[PDB]
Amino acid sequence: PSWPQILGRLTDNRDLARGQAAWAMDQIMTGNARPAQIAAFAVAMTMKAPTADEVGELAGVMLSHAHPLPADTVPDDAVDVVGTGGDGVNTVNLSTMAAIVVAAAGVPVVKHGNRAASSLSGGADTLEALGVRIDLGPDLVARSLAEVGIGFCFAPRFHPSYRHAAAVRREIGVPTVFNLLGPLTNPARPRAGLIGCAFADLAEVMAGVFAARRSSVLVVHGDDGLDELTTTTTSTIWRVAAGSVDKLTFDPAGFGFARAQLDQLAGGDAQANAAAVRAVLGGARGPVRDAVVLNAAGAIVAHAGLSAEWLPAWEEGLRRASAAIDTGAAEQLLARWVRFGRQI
């Protein structure tokens, strides 16, 4: 393989041959690709329309180069709650709040996360503002998971070889196929997840990648644009179970949720978003709580799918998420997580 061969195939609007996307990603990850070649590749794949085979190859290479967690430290039923970002709506950190609630409900959570790219505060920024240690290595993330019930894998910490691609992504600004990779590259390789996708046209491709590795995942795109399950309107869900993908539309009104306005989910800086987390975990009722409970429930549904029915699953997920907040378990879990980090 060579860059002219691969780039020419893509600019001819052709799918790549098996192995070519992987070759390309490996050149990028080993520091062997010129910034121009990285940019050409990211753009050309995006404009061709990436296939699940192609995106799976890219994610596979990233996972090969990533720092793994220690053997036998990640429960077989661990779940992720993470999105692509890039929805261009400055919301509170819904996945991060959902993940705390899910862990408090007793589902092991290994969250893949990062600082902001286009927003004012990313999940990692907000966790740091809450006093949680974001920058732990493999051994300590495994300890966090075992001791607290949740671990946070900071993407730059676990994927140092991605630094060459990350730099090009910033210079060009435009979203590309690379924006799909964060949720597909959790170094703990959890088999379940609630996965947000800001890009309606690419959510099915993400779902195809998860289907190929036989994950139990709900890939979600709010019909208002959010890379979360929204409360302002319906959401599209690509449901991944038993190696296949089912496209569904989801309406929170079927579970008694009132419609919110997008303004009601608005975020601010890390300090403001930390305050918002504290408010929800402390039992504040209102729009943000509703969105957190909904997303926590979706992750619990994904976790359930590792084994059945859609409606009892949602009912159970919503019951469990709501109780995790109401009993104070979620608030207490955050306190315990903070304490864990301060004790080395």
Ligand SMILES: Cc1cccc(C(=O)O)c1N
Second form
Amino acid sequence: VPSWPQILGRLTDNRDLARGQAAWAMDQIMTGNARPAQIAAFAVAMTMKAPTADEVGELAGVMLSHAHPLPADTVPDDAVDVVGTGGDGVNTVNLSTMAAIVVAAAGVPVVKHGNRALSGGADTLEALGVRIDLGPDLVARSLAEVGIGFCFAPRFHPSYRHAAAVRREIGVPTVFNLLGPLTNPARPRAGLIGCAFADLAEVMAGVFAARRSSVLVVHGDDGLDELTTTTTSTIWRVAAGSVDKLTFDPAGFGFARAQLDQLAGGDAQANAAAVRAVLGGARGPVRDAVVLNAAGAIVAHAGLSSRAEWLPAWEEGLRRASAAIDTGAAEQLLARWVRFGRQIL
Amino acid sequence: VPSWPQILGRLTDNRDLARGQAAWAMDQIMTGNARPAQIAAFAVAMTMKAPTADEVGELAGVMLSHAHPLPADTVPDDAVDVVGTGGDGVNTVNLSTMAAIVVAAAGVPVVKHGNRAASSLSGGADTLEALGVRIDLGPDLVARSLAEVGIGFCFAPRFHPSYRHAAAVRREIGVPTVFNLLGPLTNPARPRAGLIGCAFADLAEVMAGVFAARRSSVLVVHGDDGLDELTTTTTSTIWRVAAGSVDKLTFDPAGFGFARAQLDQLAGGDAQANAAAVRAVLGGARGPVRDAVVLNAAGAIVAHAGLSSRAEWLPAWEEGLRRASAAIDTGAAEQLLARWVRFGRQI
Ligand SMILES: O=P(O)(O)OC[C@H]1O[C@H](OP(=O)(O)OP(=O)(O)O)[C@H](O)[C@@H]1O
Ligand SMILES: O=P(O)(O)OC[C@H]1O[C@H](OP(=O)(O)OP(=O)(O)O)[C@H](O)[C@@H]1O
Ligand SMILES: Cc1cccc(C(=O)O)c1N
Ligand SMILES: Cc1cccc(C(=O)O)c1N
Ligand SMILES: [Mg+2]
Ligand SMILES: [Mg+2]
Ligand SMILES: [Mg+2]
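The form solved in complex with the ligand is what I need now, so please give it after the form deposited without the ligand.
Starting with the chain above, the whole complex follows.
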């Protein structure tokens, strides 16, 4: 029978947990029965031991079981997420958020997941006039009417508040930093998932493989939790319940090498202007990075329905993303999204 | 500029801390400025990194800086402690506590640091209390005990009030951490000699390193069966500390004529059962428990001899064993316990 001394003792001995132990720990955490000290000890010990896919799957599954779901039959079974763990410590413009808009504008339903954070995805969306803190019924309506929705994490995962407080108190990255992308309450079966931590990307890929999701888990070799234009990236291609590990070089599709500071973000208003520039069709490294990540999500989406050759999949993804911007569709989609939120009153 | 994210990040990156960082952390903990989550994260991360002697010395040093001291000039320069980390998981009779009484009865000043059980049925403090010894005395009365009886007991919660935040976290998480090492290293009377048991084979050397940076003569001991005492069931590893250096060796009590015992023969029970075992040994009962008590008492007498160190290792052991046995057989140990009980009752 499970207890903190047993579970923490096992982890401090550098041993993987027994089946069900991580799940028990997470139900204690999610029910308010874990003391902050227990939560912190578990988070740290799991991290230093090095979590397995099975363990993280238990944590995520339990957390999801406590989440508010979207209403039945409201999420298309081909919806995608575009999201990363964050914590790359580089402060870029909101690449995942821009890519999400472009992906949705290319005709792929997008359901994003997150929290207010210089400027996180959510904060930038608010600066653009998007309403981010909507309940399940309204996110469902948004997805139907606009092609995109946003699940505000504190609203969907209220029972995570004990863990979230501990995470702030200790500051340091832990296994808990992995859970965001794995606990999207709309349960999209495809995604482009960034991981700031190189070894943990493989673990996240394993969890998606166990779910039979179609996902690209990506880590820029400059340490970004996005597909980068500044260097090569590592991609774990998850499809058919199997993980394929690949090096990805954007130079192969004709992208010039950018510098990290060309992707630097600022406060919410600065990042909002960046979004507007890219959707208005401005060329440069920000567009290039957006188009790259949008294409990755489109490739992952394609993987739900077919196994297509990697390189042609990418060529079509890049083309779809470029056209979504250049036809005005992406700019129009953001306007529609703002319009939707203003209609709620 | 020190901070929790900086220090925790370093530890989770498996890196030793910079000089002063462990001390900063410990002072935050001891002043009530660390959140329980920060205390737990620190303890666990330090444990999994593997603490160094320098880091543990900072932790213990800071903890001592917040302790109540004994009054000036009340601890003899040659006082000895006999105490371990506990946590060996065996639930034995209280070997350190019996040894301490025997050592005091042999004429060596003893100032014992101790505490209730953490995961055993009866800790040394519990057993002492069951024997009628007063465990809850303050600095002045501990000093009087030492002068009038030849032994005193510093009850950790009375001498280390500021450790309450750390203690509570330790109980909430259960798992042993670097904090389990600190009890033997923070005797508030600061005796210069000691027989110090460590249940964690990997960390005994670290504890020895901490003592080597002090003006100390100590035997840090780990039974090769896992006991945080010198064992009679097999060999023990001893880290001998003196003059700022460490001499690691394998010790075998069969060399002194001790028969090999089985661990179950050293098994304890509740405070009442463990108090009964004390009375049996001090009354002259022969057997495995006596043997282990005599062995550990002698070990403490050897550490004490290492302070004003004429004697070489082997002759020191021979004399320690003679003195420890004689303290029991002449009734001196039984008499000294009665005297310690009388002292506490005379208020
Ligand atoms: O502050 P950090 O921990 O570095 O994280 C920066 C952002 O990255 C993640 O979001 P997401 O990938 O959805 O948004 P973005 O890429 O558009 O910023 C995370 O939810 C934050 O919004
Ligand atoms: O419950 P545990 O964690 O196993 O610890 C058992 C005892 O070990 C330590 O004492 P000490 O060495 O002073 O006493 P003893 O050897 O006489 O029991 C500790 O202060 C406990 O009292
Ligand atoms: C994801 C999440 C869920 C619930 C509460 C919080 C919080 O920051 O308190 C949070 N960050
Ligand atoms: C050593 C010590 C100091 C202060 C409080 C406690 C406690 O157990 O609560 C304690 N164990
Ligand atoms: Mg991102
Ligand atoms: Mg002991
Ligand atoms: Mg012991």
